[PDB]
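A.B. asks: The primary structure of each chain is shown beneath.
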Amino acid sequence: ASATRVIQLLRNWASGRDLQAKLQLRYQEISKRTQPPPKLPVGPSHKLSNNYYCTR
Amino acid sequence: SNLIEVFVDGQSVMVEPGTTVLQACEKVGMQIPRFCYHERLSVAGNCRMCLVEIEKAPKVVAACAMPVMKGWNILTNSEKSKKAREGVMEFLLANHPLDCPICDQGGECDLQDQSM
Ligand code: FES
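Chains as they are written, first to last, in the entry's author numbering: chain I, 2 to 57; chain M, 29 to 144.
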C-alpha cells in the first residue's frame, strides 16, 4: 500500500503483527482478466471402438 | 386347444399358431422397438429395429415378421439384441439431418425417443 513508514510502524505496533506481509487489499499479484484459450480434454468414453453403450 | 407354449425371458405364455415374436412380446407385456411395423399395415421388415435374439440360435431374428414356434425362449434384454438395436440406430442416425430444433416432430419423434 501507499503508506508512510511512521504510520506503518504505528499500525504494526498497535496490531502486533506485520500488516504489509499479508495485506487484505488485492494488488497486481492477481491473475489477468484476459486469458489464453483453454482445451478442456474429453472424457473417458470418447473412444471410436469398443464403446458400446450397453456396457457403460 | 391349438395354442402353443412360447417363453419370453423364461416366462411361459400361450400363443395361437401364426403369432409373431413381436406379438408374443406384447402379450407378455413388453414393446419391441419398431420403425416400419404397423399393426394396421402389411409387414415389411425394412428397419430391422425389431431384431431380437432367440435362445440357442446364432442369428438374430426380426420379431415383427418371424412367426414363433413351440419351445422358443425370446431373450429381449440380452446383450446381442441390445447391440443389434444400437447398431441399427447408429445406421439410422448416420445420415439423419440435425433438424431437431426446426422439426415439427420435436417432442413426439419415435426416432428421438427410441434413440434415447
Ligand atoms: S419393425 Fe422393422 S424390421 Fe420389424
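Some hints could be false.
Unchecked claim - DSS-like mimics (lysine-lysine), calculated; alpha carbons at most 25 angstroms apart, straight line: (1) 110(M) with 48(I); (2) 111(M) with 84(M); (3) 55(M) with 108(M); (4) 84(M) with 98(M); (5) 48(I) with 108(M); (6) 98(M) with 55(M); (7) 108(M) with 87(M); (8) 55(M) with 111(M); (9) 98(M) with 48(I).
No lab work stands behind these hints, which were simulated from the structure alone.
A.B. asks: Next, verify each hint and record whether it holds.
C.D. replies: Structure-based check of all given hints:
no. : hint              : in the structure
1   : 110(M) with 48(I) : holds, 19 angstroms
2   : 111(M) with 84(M) : holds, 17 angstroms
3   : 55(M) with 108(M) : holds, 22 angstroms
4   : 84(M) with 98(M)  : holds, 14 angstroms
5   : 48(I) with 108(M) : holds, 21 angstroms
6   : 98(M) with 55(M)  : holds, 16 angstroms
7   : 108(M) with 87(M) : holds, 10 angstroms
8   : 55(M) with 111(M) : holds, 24 angstroms
9   : 98(M) with 48(I)  : violated, 42 angstroms
The structure fails hint 9 only (numbered hints given earlier).
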